[PDB]
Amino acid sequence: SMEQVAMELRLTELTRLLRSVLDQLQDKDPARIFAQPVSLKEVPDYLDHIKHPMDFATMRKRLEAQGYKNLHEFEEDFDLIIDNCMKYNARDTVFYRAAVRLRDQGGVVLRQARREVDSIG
């Protein structure tokens, strides 16, 4: 149908905007601490601590399959990256500190993304 196509164009455009959001958030992680999944070879107990692992590569795979229906779903995954790290790692670690800085800097980007998503519809 024509409606299904219009819906698909909306999703494609959301995906374009989320791709730009993702790039901007990932620039706030210049150390690449959050770039890839935590390695279960190197952290064998990780899934005993963290039930829903997340990282920027995993988000990118979902994004490119157009697997984010709305901004809330994308933000959920971004918050998992931060929140998982802040639980697994202690406050005095470069990992925790990196997550705090990513959260703080990412807030700004996400605030305007939400306005753009609502604005463009």
Contents of the next structure:
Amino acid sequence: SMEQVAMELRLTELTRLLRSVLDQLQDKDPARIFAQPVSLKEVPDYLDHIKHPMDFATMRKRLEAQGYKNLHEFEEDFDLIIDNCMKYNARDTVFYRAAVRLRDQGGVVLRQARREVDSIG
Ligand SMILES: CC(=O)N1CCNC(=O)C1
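Mind sharing the form solved in complex with ligand PW3? What's above is the form solved without ligand PW3.
Let us now look at the entire complex, which starts with that chain.
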């Protein structure tokens, strides 16, 4: 149907916008602490602590499969990256501090993205 196509154009465009948002958020992680899944080889007990792991590479996989239906779903995963890190790692670690900085700097990007998603529809 024509409607299904129109919908898919919208989703494709959302994906385009979220790909840009994702790139802007990952720039705020120059150390690449959040680039890849936490290694279950190097942190064998990780899943005992963190029930829903997340990382930028995993987000990008879902993104390119057009698996984010709205901005809220995307934000949920970004929040997982931060929140997981701030629980597993103590306050006085480079890991925890990197998550705080990513959260704070990412807020700007996500504030504008919300306006844009609403604006474009
Ligand atoms: C993201 C995170 O929290 N990590 C990844 C590296 N290894 C760790 O122990 C902690």
